[PDB]
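Colleague: Please put together the full structure from these sequences, using the hints given.
Protein chains: 4
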Amino acid sequence: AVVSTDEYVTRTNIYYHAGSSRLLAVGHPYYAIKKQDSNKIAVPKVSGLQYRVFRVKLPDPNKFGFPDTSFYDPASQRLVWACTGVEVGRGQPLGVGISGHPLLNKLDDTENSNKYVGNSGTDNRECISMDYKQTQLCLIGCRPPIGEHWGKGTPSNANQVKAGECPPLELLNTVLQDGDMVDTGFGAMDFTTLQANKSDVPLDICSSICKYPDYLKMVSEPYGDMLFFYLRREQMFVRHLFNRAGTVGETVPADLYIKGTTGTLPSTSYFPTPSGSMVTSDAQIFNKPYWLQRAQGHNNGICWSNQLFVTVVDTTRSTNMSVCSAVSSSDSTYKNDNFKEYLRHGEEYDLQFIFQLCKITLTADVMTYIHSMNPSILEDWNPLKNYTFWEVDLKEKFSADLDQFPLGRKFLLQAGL
Amino acid sequence: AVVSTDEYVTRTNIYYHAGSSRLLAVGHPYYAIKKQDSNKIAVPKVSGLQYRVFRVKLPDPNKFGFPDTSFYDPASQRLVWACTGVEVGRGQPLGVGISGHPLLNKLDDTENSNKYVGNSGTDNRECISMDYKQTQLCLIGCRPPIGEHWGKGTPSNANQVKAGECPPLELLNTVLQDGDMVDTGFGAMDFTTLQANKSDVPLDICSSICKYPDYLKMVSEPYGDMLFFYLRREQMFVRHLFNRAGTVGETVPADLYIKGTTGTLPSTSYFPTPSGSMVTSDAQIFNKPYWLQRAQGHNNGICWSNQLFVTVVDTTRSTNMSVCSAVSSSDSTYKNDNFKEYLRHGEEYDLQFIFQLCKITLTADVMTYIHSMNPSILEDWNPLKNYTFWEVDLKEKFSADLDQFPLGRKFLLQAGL
Amino acid sequence: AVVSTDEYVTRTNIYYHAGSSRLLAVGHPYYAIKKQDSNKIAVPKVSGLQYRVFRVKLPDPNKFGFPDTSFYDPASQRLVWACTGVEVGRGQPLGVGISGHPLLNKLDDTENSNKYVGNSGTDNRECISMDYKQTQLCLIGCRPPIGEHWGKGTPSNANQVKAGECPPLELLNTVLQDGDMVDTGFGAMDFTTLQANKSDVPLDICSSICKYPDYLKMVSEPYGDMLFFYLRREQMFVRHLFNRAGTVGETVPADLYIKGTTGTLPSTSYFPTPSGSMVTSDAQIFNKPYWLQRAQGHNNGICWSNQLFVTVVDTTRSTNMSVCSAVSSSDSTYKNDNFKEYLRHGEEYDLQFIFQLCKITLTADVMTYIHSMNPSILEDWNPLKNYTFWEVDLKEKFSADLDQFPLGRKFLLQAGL
Amino acid sequence: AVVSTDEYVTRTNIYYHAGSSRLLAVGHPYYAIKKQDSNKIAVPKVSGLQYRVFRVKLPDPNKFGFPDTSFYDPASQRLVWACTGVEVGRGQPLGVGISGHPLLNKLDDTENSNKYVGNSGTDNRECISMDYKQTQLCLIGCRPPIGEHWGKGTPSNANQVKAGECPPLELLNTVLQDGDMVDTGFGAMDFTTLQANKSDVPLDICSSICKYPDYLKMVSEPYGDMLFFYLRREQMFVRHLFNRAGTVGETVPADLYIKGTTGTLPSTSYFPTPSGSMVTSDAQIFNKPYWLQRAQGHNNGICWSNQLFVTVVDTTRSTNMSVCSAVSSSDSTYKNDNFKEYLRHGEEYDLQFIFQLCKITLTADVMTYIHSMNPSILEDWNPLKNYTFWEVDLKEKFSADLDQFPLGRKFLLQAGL
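Chains as they are written, first to last, in the authors' numbering: chain E, 20 to 401, 440 to 474; chain D, 20 to 401, 440 to 474; chain A, 20 to 401, 440 to 474; chain B, 20 to 401, 440 to 474.
Don't read these hints as lab results, they were simulated from the structure.
Each pair may be met inside one copy or between any two copies, as identical chains are not told apart.
Calculated cross-link-like contacts (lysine-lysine; reagent style DSS-like; alpha-carbon spacing at most 25 Å): (1) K152 to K307; (2) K76 to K452; (3) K134 to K217; (4) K181 to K171; (5) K236 to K454; (6) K378 to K454.
Modeller: What follows is the structure, given as structure tokens:
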């Protein structure tokens with residue numbers, strides 16, 4: 020049986036502040052801009068519709084020296100940082116982005132259509148932009164949290180799912196890594212593999228994967244390292260109702276309608292346009308301090324391995340500024356050829372923390388337990442090379458003067474004495 | 020005279036955790052996709068607008084063997100599981116659905132008509148989609164809940180209701196089965212029998228009955244096994260205003276308007292489109308622990324016949340993702356013929372429960388009482442073949458370690474000691 | 020190590036009221052109207068989208084003589100005024116502004132395009148208005164607060180960013196000055212330098228810098244002078260969805276879409292129209308009394324150098340009234356020629372304060388600490442020439458009879474005794 | 020120095036109820052309908068957009084005779100009524116108006132312009148109607164309250180503001196009189212003198228003054244008789260965005276835009292159409308009892324000169340019913356000629372009160388005080442002939458049987474004993 024870190028981890032009156040400097044990110048909000056020839060990234064893809072998985076590296080309390088550590092034996096005892104308070108600073112003004120696609124697959128507007136026009140042509144795709152669902156999360160664990168998304172599954176011992184057929188979907192687990200896409204209104208799937216025409220979702224999501232955090236799994240993990248704090252805030256509505264183009268795969272059962280003279284049965288592949296509606300200072304989940312006093316799972320903000328993952332999505336600040344640059348300010352009349360528009364979005368974060376020094380006495384039982392949990396714990400006391446995270450090193454940003462910082466100042470106060 | 024189960028069921032300090040594994044369901048949102056020849060279902064009809072009637076099977080405490088059961092005589096006593104808490108965990112992103120009908124019956128948009136064009140021709144139907152009323156409901160009871168819808172009644176000893184005439188309506192009661200439709204803004208009725216043209220409601224309902232919980236009935240049942248807890252959160256508004264095509268049954272009394280020259284009097288058969296407006300985290304009725312400490316009726320969450328019904332409707336997460344497949348990825352110019360769009364909707368559920376062991380002493384009085392109430396309960400201590446339920450067996454999912462689980466861990470806490 | 024003024028500034032029972040007469044301001048909301056030949060401002064640009072940085076000049080309490088100052092030695096001690104409560108009276112009726120541009124750079128409406136028309140021509144700009152993002156703020160500090168915005172950045176030791184190219188951005192800090200524009204929903208940036216065509220945002224901002232208070236920097240400053248108090252309320256949504264005109268600088272990766280025959284790929288330079296939705300006396304942040312009992316930073320509203328800054332933005336009273344004057348009223352038929360339309364906007368402030376007398380004992384340690392904090396504080400007890446602020450002098454507006462003023466009256470109540 | 024009435028006004032245990040009979044008003048909502056020839060008003064102007072200034076007369080307590088006035092000396096003392104509870108009953112259903120102008124000055128809709136048509140003709144005005152900003156107020160002063168609007172100022176010593184120019188504005192204080200217009204989302208101004216074309220506002224305001232309570236002045240008045248209790252509930256948003264017609268006085272500085280070939284530069288005089296949004300029972304500020312237990316200013320609901328002023332504006336019930344009257348019911352075909360549409364609105368108020376009988380001993384000190392306050396107070400104990446109030450006489454409406462009236466029932470109950 021799995022048991023609470025309070026059963027094997029002693030706390031200590033020692034607290035330290037730690038804050039990341041200002042973290043900025045700027046680039047194009049749709050696709051990346053790589054060199055004209057090389058395939059090396061020039062200007063990243065920084066959208067407001069992107070996860071932020073921060074891997075927060077903490078100094079090893081065992082290297083560090085401590086004064087209140089005089090009734091502590093480094094022979095048989097060890098040290099972890101237990102996270103006590105988190106503040107995820109956000110800067111930039113609130114506002115909304117808006118993604119589109121030069122050739123969106125949209126047939127007609129089936130909200131209040133004018134009439135019925137004969138069978139269409141080939142390529143009825145049109146340029147259309149829209150504003151996605153608004154989300155605001157913040158998961159804190161000492162393992163990176165996972166995501167779920169719908170992806171293409173492998174068929175059974177039967178027929179061959181030849182081209183054009185509908186491939187069986189499969190609900191896949193995945194690790195959330197910096198720069199992944201959140202669901203925008205089209206659900207959480209994998210667009211590249213479930214949509215061949217690559218045309219019916221704006222460019223920012225069309226060739227990628229909108230992931231949704233596996234809350235139900237993460238929450239149900241025995242040890243519960245993947246997250247021991249969260250906050251969700253999603254909300255959306257139907258701006259528009261449309262028809263898709265191209266031949267319907269599963270045709271309509273004729274005993275559901277009466278045969279209407281004249282017609283090859285209009286499209287039924289309907290799809291709506293979301294809308295995040297409105298972003299308001301008061302809706303905001305960020306910029307406030309969170310005290311994870313008691314954790315949701317067994318692990319009680321114990322940052323094994325001296326690490327921390329702060330995951331964050333946030334579409335309230337999503338605005339894309341456009342920059343226009345002229346070919347030559349030598350003209351005196353407006354001509355479009357003379358200017359080039361670019362699109363730029365820039366993200367701004369600030370992470371603060373306050374951790375508590377804790378001690379673990381390595382006895383027969385505890386060692387066993389830690390062992391079945393995670394061996395590295397023990398092993399490192401004497440891996441994710443495949444995942445990409447926004448790296449945050451606070452090995453040199455630790456303080457003990459809580460007073461010098463807003464979050465510390467709060468903490469002192471809020472913790473009372 | 021009906022009596023509270025506190026009068027004849029003894030409670031004990033024994034609480035077990037029960038949980039279902041991830042339930043998933045993936046199907047077309049509007050209609051089922053059966054094999055091309057066969058009439059066996061290949062892909063189901065999973066939609067956001069459906070009920071979820073879980074039949075929760077529980078292990079029979081009488082077979083199970085227990086330690087605190089020492090001051091318990093199995094000769095004279097029996098055992099029932101009392102439900103103490105429920106938690107309906109809901110996977111996937113909140114999103115919204117959109118339903119439509121290729122040949123919908125929509126004469127013209129009477130919100131702000133342009134003019135008055137003379138008597139139209141035949142078949143002026145059209146492709147029109149729209150977002151249904153938003154609803155979120157959950158009923159827990161140890162018997163299946165009943166619903167009410169408007170159906171076709173049988174006429175009195177008088178004239179023959181020949182074709183064309185309006186049949187009289189009748190309020191019917193019916194049990195809620197997994198898969199039925201909730202009222203979508205069109206009322207709760209039976210569209211197959213009450214609408215011949217099968218063309219004035221999107222297909223997902225036009226050939227179906229839209230039930231609505233009979234809360235008035237179920238509330239009033241003398242035993243109250245039907246439901247001992249429930250929460251409803253329904254809301255909608257008028258998206259558009261239309262006119263129906265087809266001659267009007269009941270003509271307009273001429274003393275209601277002045278004879279306007281030029282006309283056969285335009286249609287006055289009006290219908291509105293609903294819109295459930297917005298879904299949001301805070302609206303959410305699920306993912307939180309319920310504790311049915313005291314039950315609404317007499318039965319205080321005693322699951323007779325080791326059984327439980329969790330009826331659940333949820334239009335918050337009703338997004339249908341479309342998957343486009345290509346006939347041949349050999350072409351390099353977009354052509355609709357080369358693509359097949361498909362609609363799919365995946366549901367994800369999690370059921371969690373906490374049960375109390377309760378003993379009953381089969382005496383002279385109790386037995387006669389339980390007999391009149393339900394005989395089965397007695398006979399079974401020494440049916441629904443016609444109703445279809447999502448089947449959930451937790452016989453092997455019971456645990457006495459409440460600690461290992463969020464709903465249990467909560468339990469323990471909240472209960473106090 | 021910085022230390023709370025509570026550590027070196029004694030408080031006395033001495034409270035004065037002070038406040039500014041009616042503060043009006045009236046001009047054109049879009050641009051300043053200077054003489055026809057001279058470059059001398061005739062009518063200012065008073066807009067509801069502007070910053071209000073008030074410099075409050077306070078009487079120096081060392082020249083003043085006091086009666087309760089008999090256990091005070093002016094030889095070794097000095098005096099500062101400590102802010103206790105502010106109150107920012109707003110006049111005019113709630114209302115909302117509207118900003119356009121005769122030659123807005125607005126290709127087409129991509130929200131639900133009709134079709135696809137071939138490649139346009141040159142100059143497709145058109146007149147367009149709109150209601151900006153809605154904001155309410157108010158920073159109280161003893162130094163002028165700072166702003167953050169996106170500017171043009173100097174490139175590195177490499178290639179020459181020739182015309183055409185997209186300049187690297189750089190986030191700049193800057194002093195908020197009366198008259199600056201807040202972000203309007205086009206982000207916080209320098210439109211003069213970052214947008215050449217000077218045609219893709221209303222005139223009230225296309226040639227200015229919209230700034231956004233760097234809460235994050237100020238909050239974090241070690242002494243906390245820049246603000247010891249603040250309230251934001253900003254809210255906004257996407258009224259429209261547009262396409263820009265002109266060539267695209269970062270061209271769409273061809274591997275993200277399928278070569279649709281017939282096109283030079285439509286604009287992908289999308290931009291949205293904000294809207295600040297709706298203003299409600301409920302929303303009001305203003306017209307109340309603020310009591311800075313405990314400061315956010317180290318400075319507990321020590322108005323060092325007998326100064327105060329109240330920075331304020333307010334879009335909820337943002338109306339521009341329009342005045343129509345005739346060329347001759349001798350006509351009896353309407354002709355546009357004969358009427359001249361003007362736009363005019365007027366702001367009305369009222370500034371209320373309540374100060375507590377404080378005494379500092381100039382010792383060894385105290386002096387050196389004040390010195391490395393700010394030397395001027397010591398020097399002056401025996440600079441912003443480049444900054445423009447709405448001067449507010451209250452030297453002659455101090456009152457000891459707090460009962461005569463609402464704020465006065467409240468303060469006594471609220472403080473209790 | 021001013022001082023609280025508590026300082027010279029003694030209270031007694033004497034309360035008295037009062038109430039005006041049902042107050043009605045019916046007429047035209049836009050303009051007064053005088054006799055055809057005469058200039059006498061036949062149907063007055065009753066709009067939901069108007070201020071309701073009541074002058075509540077009151078019995079002089081000194082001529083009244085009292086039984087508990089046995090330890091009171093009519094030779095040296097005197098009597099005033101102190102208001103204690105005000106109940107502003109409102110009848111009719113909630114509902115909303117819509118003002119219009121057949122030749123409103125509306126060039127084109129610049130929210131989302133079609134194209135760019137060249138230089139328009141002359142008189143492009145059109146019929147437009149609209150709902151105004153929603154406001155709900157109620158001020159209770161023993162003097163009439165003041166209001167503020169943007170008037171036409173006199174120029175200084177220099178040039179002559181010839182016809183065409185824009186007049187310099189000037190903030191004016193005016194007394195609020197029954198029948199005035201509340202701002203309607205075009206701000207507080209004087210449409211007659213500031214808008215020569217008298218065509219760019221619906222008629223109900225186009226030739227009048229819309230005023231806004233000078234809350235800032237009133238509140239700040241040393242005595243505060245103007246008002247001792249108030250509640251405001253104003254809201255509104257932008258239903259559309261338009262463009263005005265007629266030459267632009269203050270032309271756009273050319274360096275704010277690039278020279279667009281093909282243009283005299285479209286209009287840039289923009290104006291928005293407000294929208295009060297929604298009226299709801301809960302929003303309601305009326306139909307509840309108000310207990311001015313403590314006043315805001317110095318005057319504590321003391322009705323000097325036996326007088327009272329209830330200023331109310333309410334747009335929540337602003338429905339205008341239309342009545343159609345035929346020229347001859349002898350026709351059998353609908354013909355517009357045969358009918359006359361008319362417009363009417365009617366207003367239903369009910370004023371209830373509760374006054375407390377206070378005595379004032381006329382001493383040397385108190386006399387000189389009262390005199391400096393208001394000589395009439397003293398001279399009347401042994440003027441607004443130019444202002445127009447809804448006169449309300451309660452001289453005969455006083456009862457001391459508080460029990461007989463809801464208000465009074467409430468008072469007993471609320472005040473406890």
